[PDB]
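Just one chain follows, in the form deposited without the partner chain, and it is written as structure tokens.
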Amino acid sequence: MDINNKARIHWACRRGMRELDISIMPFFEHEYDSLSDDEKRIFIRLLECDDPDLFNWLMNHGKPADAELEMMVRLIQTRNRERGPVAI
């Protein structure tokens, strides 16, 4: 899977779990284009991880041993945090 077939990556962003759908999909739709090529490649590889791990990482119950994956998880968190609803 590579970086310029956006429709295929989009599909790969549909997860079996609700909390992930709301995290990974919107990140992709709003943020993917803004990534470096290296960031895109890493994000694609992140998408091959299992949902139990992605959910733990995104909730910060630990983190990936792979530092590239750790950096991508953190970029998702940062971008999602800034885009989402500001709640009083």
The other form holds:
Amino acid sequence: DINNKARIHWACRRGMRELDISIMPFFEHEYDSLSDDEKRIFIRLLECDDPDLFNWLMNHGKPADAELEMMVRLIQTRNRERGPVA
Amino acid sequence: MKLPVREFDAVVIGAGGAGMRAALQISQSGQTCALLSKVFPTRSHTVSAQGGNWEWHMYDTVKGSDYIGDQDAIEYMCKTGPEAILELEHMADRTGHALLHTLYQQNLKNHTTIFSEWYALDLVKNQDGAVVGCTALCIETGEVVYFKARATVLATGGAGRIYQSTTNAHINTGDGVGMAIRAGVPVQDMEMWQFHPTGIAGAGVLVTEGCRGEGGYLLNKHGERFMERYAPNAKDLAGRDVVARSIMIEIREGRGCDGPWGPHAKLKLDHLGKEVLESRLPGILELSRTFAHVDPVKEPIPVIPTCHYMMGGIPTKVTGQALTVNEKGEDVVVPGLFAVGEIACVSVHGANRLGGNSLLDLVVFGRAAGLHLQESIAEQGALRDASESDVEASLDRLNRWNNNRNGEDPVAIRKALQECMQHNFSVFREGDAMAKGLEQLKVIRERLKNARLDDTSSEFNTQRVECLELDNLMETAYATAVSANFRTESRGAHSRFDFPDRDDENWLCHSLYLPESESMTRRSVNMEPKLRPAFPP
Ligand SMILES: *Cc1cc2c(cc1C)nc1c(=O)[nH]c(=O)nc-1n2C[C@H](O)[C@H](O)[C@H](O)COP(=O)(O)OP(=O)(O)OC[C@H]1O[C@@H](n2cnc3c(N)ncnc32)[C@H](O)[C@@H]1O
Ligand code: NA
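Go ahead and give the structure of the form solved in complex with the partner chain, now that the form deposited without the partner chain is out.
All chains and molecules follow, beginning with the one already shown.
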């Protein structure tokens, strides 16, 4: 359910500070700019394990899933665009 | 009971390494165990841990603790450690995640009842003052349940977010500490917070001392290499206490740099040149570009002292049983309450956690709480039922949030708390600045009592959780502050500008914050190992 934004917001609370900075602002600022397909892909990304999410975000490997890759690239691009988190 | 009641032998609040190891042991002993976690267990801050003769280990730990580490607790850890770890093997790195994954899988197998995405609110007491469970909310539905228990085990982890910069995940809001405090249960050594002098400003991701080892150095807003003033010989390679303090004096006297990272000092690396940076610090280059949004090859890395580990917490026995004191100043167990992991102060870390022992204590003392639970339940005896008003007492705080839509923004209150704590109670601790700080903290906590909750919805209301978390940051911060002002010496991670020396005559002891009067006292450091003579100071 892509409209259940409250649910997805909780899935952005991680066990690493680096992911909190990388995912929560992205979700808060960028989620509504996403298409329906992108939104579903972001939800599936958050099911992945914290150390994988960190590594992929750091260009240390990549998921074996073309959709998740483009979502990682999206988060990276958008996070570089926003600059440091207030 | 108006409120729905779920009854278990044990209720474990927290599913990191410590709480999951305990829950696995409790369930393996034949007893019914509920496991509560506000996040899915593999997203506990334990996930961030990397990297993977016992008397030597003990010695290093006692020494590293600056001799307020309890020697009996440390002996138990160092002796039992290897057995404890292999028991798990017999069932960024993946070392944190694998520990969590294994313990999660095992808990399911042994029929632990897991309550994932449930938020514990407050401990439930009976008329005798024993702990008989907690109230918790289902994050999915907003349902509130009384988890009735013979043993309630706090395993909620750290609370780095009382400060402006932490390495800790944002889930680390000191909920177990707040819960203990509001129930009247004391907390120990809350001045003992491990800081790193340089985390990335606005992130908290640590920047290795190796950057300074390689020739890097710190700048203030005028480009002055200010460590030459504070440490003429050691400069930027001075003790971490000195480098960290000096950064915060600089910030608080107005010479900090600022910008979208907030206040900071600049860690200049670019004079080293491109090839040695890429050769000798290639990780720092990628960390800086991603989380500082600067390229060290061209710009300094904005940095600030950053909170890492909570050595303080709920004082416990090796058995996990939480302690308080009576008016004779003697230890007495709090019936029905237990603590394991970073939330606890068993006190294997004393005044400074030592690398690897933070994962080790999770398993050793997680397991020990589980191993001894039945005996501990037998020790406390049958506890009287909580009455309806006992349960309603544990909902009072929640109810105040749910009846305040207009009032002060909690986000602003959180930022004010964190600034106050960072300025006055992190790495710069001085008596006059702390006296002011303590009064500022009383102002901030009067404001929290008129703080609003905008979102009145029941289902996945995160704002309500974040509000409830702030009450715990506030309690954890005030306890730390009062403790820091109390200890008039410098020992380990607690560094005082006005009292720079270690004082074993007066202060070879634990600090103990007593919530009922918010006042302080001392407690003895155990100097009585069983297998081994004591290590003297
Ligand atoms: C911050 C940090 C710490 C750390 C580290 C790297 C970072 C970035 N690397 C380490 C290392 O390499 N080696 C090591 O020995 N230690 C390292 N540390 C320290 C260590 O990892 C931690 O101190 C330790 O893992 C803490 O574990 P613990 O089991 O004590 O607690 P936790 O993992 O933080 O999990 C807490 C759980 O509690 C739940 N929770 C919190 N509040 C509530 C409420 N209100 N209700 C229900 N559940 C709650 C969380 O959901 C979590 O599961
Ligand atoms: Na602790």
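The term rigid core refers to the most C-alpha atoms you can superpose between the two forms while keeping them within 1.5 Å. Residue numbers count along the first chain shown, from 1. Only residues modelled in both forms are compared.
Rigid-core superposition between these two forms, with residue runs of at least 3 whose C-alphas all shift by 2 Å or more: When the rigid core is held fixed, residues 85-87 make up the only run that shifts.
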